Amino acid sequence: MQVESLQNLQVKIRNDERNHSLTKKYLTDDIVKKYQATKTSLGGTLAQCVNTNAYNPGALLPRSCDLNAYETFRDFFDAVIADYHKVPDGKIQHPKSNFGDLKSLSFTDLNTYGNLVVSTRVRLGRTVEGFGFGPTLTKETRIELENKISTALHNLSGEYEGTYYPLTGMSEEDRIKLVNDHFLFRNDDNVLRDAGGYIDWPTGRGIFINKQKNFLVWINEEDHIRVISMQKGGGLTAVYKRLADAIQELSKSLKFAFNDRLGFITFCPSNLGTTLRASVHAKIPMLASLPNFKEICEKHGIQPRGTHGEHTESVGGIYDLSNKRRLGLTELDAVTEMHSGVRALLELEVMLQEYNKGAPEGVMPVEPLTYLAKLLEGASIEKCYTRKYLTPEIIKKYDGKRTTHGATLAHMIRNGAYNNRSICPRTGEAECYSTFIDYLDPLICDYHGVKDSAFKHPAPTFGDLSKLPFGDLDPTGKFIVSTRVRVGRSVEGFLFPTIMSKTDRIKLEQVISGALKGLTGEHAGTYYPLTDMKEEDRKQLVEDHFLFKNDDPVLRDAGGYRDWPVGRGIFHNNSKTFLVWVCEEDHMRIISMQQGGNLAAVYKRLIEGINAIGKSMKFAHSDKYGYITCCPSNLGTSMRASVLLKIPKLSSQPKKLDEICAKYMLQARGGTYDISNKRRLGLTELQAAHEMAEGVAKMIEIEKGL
């Protein structure tokens, strides 16, 4: 196989910004310099191995010119292998082949769990010693290899009796039939093509099927031998044993390449070790819809792949689920991983269907409260409010309960259940605060340092906007880089961004954007919806650090990124001193900011903005808690006033700062610090802004008495 120089391929792979392969990652100048004249014992080059990555940027891995490539080009392949197979300290190793004691081995039938499994499949691959791969085979040695393997297959035991079908000399009639029954491979994969997999097509190639059509072998498709056991249903035990018995019989007729580092050698590094892919096609629509579906699978040792194109238009939710591991475990460990993981995932799908039967459509489905409570046990009972107030009395009382519009207690602890360092819940709608009050009320009291009071949360008290108790905290020049004040707001009559439906989002965005588009004067600006953004706008918003992304796992697992990015948007006035985030965590985050330290103008602009938005919609507000938000941490005023502060001076005193902070109830984060009021609930908006203003103005006069 003639390819370009290794050096040319490297340049091609690197200059290709669509390419994010491991080949790209590890094919360094040093690797090229080292291996550019090197041949394997079969004549292969590293260029032949990485060729396909030059022309197919979506491909993650190299291939190999022959089985000796892994040893000959070891600095390249060990790095690629350790990386892809997640090998702890690059200590690549693999145990002896062991399918287990087949006579006493038993797995439960996977359809026990909801009858969701359409079919079950286990696949192996082997390299036969003494032969190259696509780039180093000749026409004749590939045929000799084919002859060697079909001869082995023909001699197989009774259950395996069947017919060998060479590709060469096959009628176009059987070709069509055999691919229909999904028995035939074709020369239609361009990654395989550019890795030399179709040279001398179709010679040296064929398939073997047994009489029962539950045993399939492919010769020289990619590997020398690919062996597949398969049937309808979830009978993994029979599928697995039929595969294991065949390969152990074949291993007496064929010498397969194995070493104690990589296990069984294959053409693609992804199939090293056991080479074993044990899988089901299962119907798991609800599980698949979960925000962290991929993570849930990986946590159970399972790799999911969708089956789009394999069904009719209205049939969805069918996934291929397989063991994620190939290398560094036995075949028994691998099929066990698949079985245990798939069993669990299928049990979760049944629990999901059961727990969300009759829930509103488009509303985030959720795992049973008791399931999530177990996950929540990882969280600290000392720090994590979510877990602290989730007593057995609370579980007993609220399990099975929904708000009028479909929110559950399960919903609101989900973010902490999957992110055990998250300390607060995320509610589903304003009614949560009355419906789950026995949970939420003590949590709120704790977090905000308050108690149950007989009296109404005071009305919004913004103050007199023309006669404020603060002005410019830094007239001089620079201690304050910038000042910012924001509130969160919920709109009455809508579910929160956590669990709300896509249709709700659209309708909410219509209400809000309409109001934003009509803002006049200092507040006049442009609404940028995330679904229909013009390219130029996207980049400017990032450079401005205005854009929000679907990248926080806590908000993700709360449901906050469902149906992305429908209904989400950014508004800012022309000056970029007034900003609104639409439907990120709360329905709105309303923000006023500017360079310098004029808090009064920032706060004034904010309040006027809130009011002008409020003309077109009602804000969710509570007698108990003031303004209602998704997270209980931002109740009350839901207001955060902050400054970007230069205090290199007293930052070098790291504990009269914290004492200036505790004393004036401020929070600090980093001689440049983001300083803000800590309180949200139990005080007026005017006071919140004024607490930050005094705490900061005092830092500042301390900051020259150095």
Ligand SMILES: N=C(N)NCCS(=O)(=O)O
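Residue numbers count along the first chain shown, from 1. Note that the rigid core is defined as the largest set of C-alphas that superpose within 1.5 Å between two forms. What changes on going to the form solved in complex with the named molecule:
- When both forms sit on the same rigid core, the CA shifts between the two forms reach 2 angstroms or more only at 187 out of 353, 434, 187, 380.
- The two forms, fitted on the rigid core, differ between the two forms by less than 2 Å at the CA of residue 43.
- Core-superposed comparison between the two forms: the CA of residue 158 stays below a 2 Å shift.
- Residue 6 shows a C-alpha shift below 2 Å between the two forms [criterion: core-superposed Cα displacement of 2 Å].
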The other form holds:
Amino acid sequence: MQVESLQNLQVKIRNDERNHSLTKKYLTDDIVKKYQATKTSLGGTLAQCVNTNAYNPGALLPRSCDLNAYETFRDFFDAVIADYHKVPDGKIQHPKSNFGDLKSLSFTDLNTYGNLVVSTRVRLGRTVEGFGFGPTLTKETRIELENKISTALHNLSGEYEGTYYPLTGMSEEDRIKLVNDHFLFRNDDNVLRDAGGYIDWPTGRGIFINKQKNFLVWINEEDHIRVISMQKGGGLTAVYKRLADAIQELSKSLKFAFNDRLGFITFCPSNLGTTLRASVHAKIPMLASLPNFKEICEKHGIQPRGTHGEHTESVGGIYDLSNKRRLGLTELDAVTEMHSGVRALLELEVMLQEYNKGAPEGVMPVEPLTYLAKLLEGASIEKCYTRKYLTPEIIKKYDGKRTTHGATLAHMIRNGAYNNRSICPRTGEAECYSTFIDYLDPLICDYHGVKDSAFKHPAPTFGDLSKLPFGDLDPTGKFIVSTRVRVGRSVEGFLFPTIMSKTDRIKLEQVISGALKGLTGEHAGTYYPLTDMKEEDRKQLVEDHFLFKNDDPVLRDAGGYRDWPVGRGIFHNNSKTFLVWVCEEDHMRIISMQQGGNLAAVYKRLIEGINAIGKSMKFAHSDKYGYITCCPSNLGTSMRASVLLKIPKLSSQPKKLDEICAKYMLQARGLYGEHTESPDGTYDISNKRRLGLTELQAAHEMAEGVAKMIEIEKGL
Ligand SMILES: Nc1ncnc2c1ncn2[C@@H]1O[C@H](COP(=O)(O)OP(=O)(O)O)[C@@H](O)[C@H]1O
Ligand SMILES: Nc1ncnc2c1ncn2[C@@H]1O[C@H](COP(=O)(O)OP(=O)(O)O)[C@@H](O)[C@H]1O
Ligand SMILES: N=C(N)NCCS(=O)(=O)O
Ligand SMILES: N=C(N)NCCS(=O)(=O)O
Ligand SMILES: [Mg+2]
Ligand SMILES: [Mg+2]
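Same protein, the form solved in complex with the named molecule this time rather than the form solved without the named molecule?
Following is the full complex, with the preceding chain placed first.
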């Protein structure tokens, strides 16, 4: 196989902005210098290994010119393997082959759990010693390999009797039937092609199929052999045993390449070790719809794969589920993990289907309350309001309940269950605060530090915008970078961004963007739908502290990134002193900011903007809780006044900082908001409480708070 010089290949890969491969990562100048003239014992080169990465930016891994590539270019492959298979401290290791004691082995049929499994499949790969892969085979040696393999296949015992169908002179209608029946590989794998997988096609290739049609072998496609066991239903025990017996019989007729570090050698580094992939095709549309679906799979040791294109137009929800691991465990370990992980996922799909029977369409489905309650147990009952008030009495009273429009208690604790460092819930609609009042009301009192709960949250009280109890603090630029004040609002009649539907978002955005487009004067500006905004535009505004971020796991697991990015947007005036996030955590976030410390100018611009917006829609509001929001922490005024405060460096004593914080009902966030760290010792310094006080008071408790936190400056 003739390819470009290794150094050309490295340039192409490196200058390709789209390439994010492990090849790119580890194909270093040192590596290229060390290996550029080196040949394997079968005549292969590192260039032949990485060729495909140069022409397919999407591929994550290299391939191998032949089985000796792993040893000959070890500095390169070990790095790639250690990373991909997540090997601890790069001590790559693989245990001796072990399928288990077949006569005593039994796994429950996977259709026990909701009867969702169309079919079950297990496959292995093997390399035969003394032969190269695509880059280093000749036409005649590939045919010799093919003959050696088919010969051993014909000598297989009774259950494995069948027919070998070479790919050469097989009709295009037989081939296309076999592929759709899930029996045969496809033709169109560009990664494989540019790795040399289709040289001299179709000679030396074929498929073996037994009479029963539940065991089959691919010769010289992606590996020397791919050995496959499969049938309808969820009978994994039978599928596994059939595979294991076949490969043990074949092991006596063929010498398979095996490595003490890497296990069985394969063409792609992804398949080293067991090479074993045990899979089901299962109907799991609700589990598949969850925000953290992939991570839930990963956590159970399972990789999900789509099946899009394998069915008619209206067939959905069918996924390939398999053990993610290959390397550093036995075959028995692998299929056991597959079986435990898939069972758990399938059971979770049954629980979701039961628990969300009858819920509104497009509304996020949720795990059962007692399931999420158990995950929440990894959170601290002293820091986490979400857990502290989720008592056994609460679960008993509220499990099974829905608001009028479908919100549950399970919904609002879900972000906490999956992000145990998070400390507040995220509600689904305004009606949550009455429906689930026994849980939310004492949490609300605790967080906001209500002292006399006999009284209403004050009516909206913004004060006289002409004579304010603060003015320009007027600093230098020594402590305060930028002054900012924001409020959240909800629109009556709409579910919150957590569980609202796509169609809801489209209608909400229309209401709000309409009002925003009509703002005049200092508040006149442009609305930017996230659907039309470029990725470097968006990231600039985010790093400029103007736009909300799109990768917060806590908001993601609460439902807030569903149907992304439909109905999300940023509005701002030309100066960017006034801004509105449409449908992030809340329906609205109305923001005023500028460089400097002039809180009064910032505050005034904010209040004027709120009133103008409020002409076109009714904000959700209660006597007890004031302006209602997604998170209970943002009730009342829903107001957060803040500056980014360079305190070099009271950070030095983060307890002199935490004391000076608890002492004002103020909160410390990172440079880029909550759940971020602070370089520079620069701190997001805001008033903590928003309920049980007016908008003037909230901003004054901040002013006094910062005025004082500053003053412990160069007395230091
Ligand atoms: N559990 C299963 N039941 C039926 N067919 C399957 C199953 N798992 C995989 N397949 C089929 O195998 C073929 C190739 O799948 P692929 O994802 O490349 O798996 P592998 O890498 O193990 O060959 C496709 O037709 C796919 O539908
Ligand atoms: N005083 C400030 N100056 C500049 N940016 C700020 C200030 N306060 C908050 N931000 C930014 O606003 C964004 C929102 O983050 P977050 O902490 O979630 O605040 P909220 O959601 O209450 O608006 C973040 O990028 C944060 O860095
Ligand atoms: N083809 C296999 N075996 N894995 C996919 C890796 S890659 O094509 O993304 O490099
Ligand atoms: N409501 C927001 N964004 N944060 C509350 C604090 S936490 O729940 O994210 O820990
Ligand atoms: Mg495949
Ligand atoms: Mg936020």
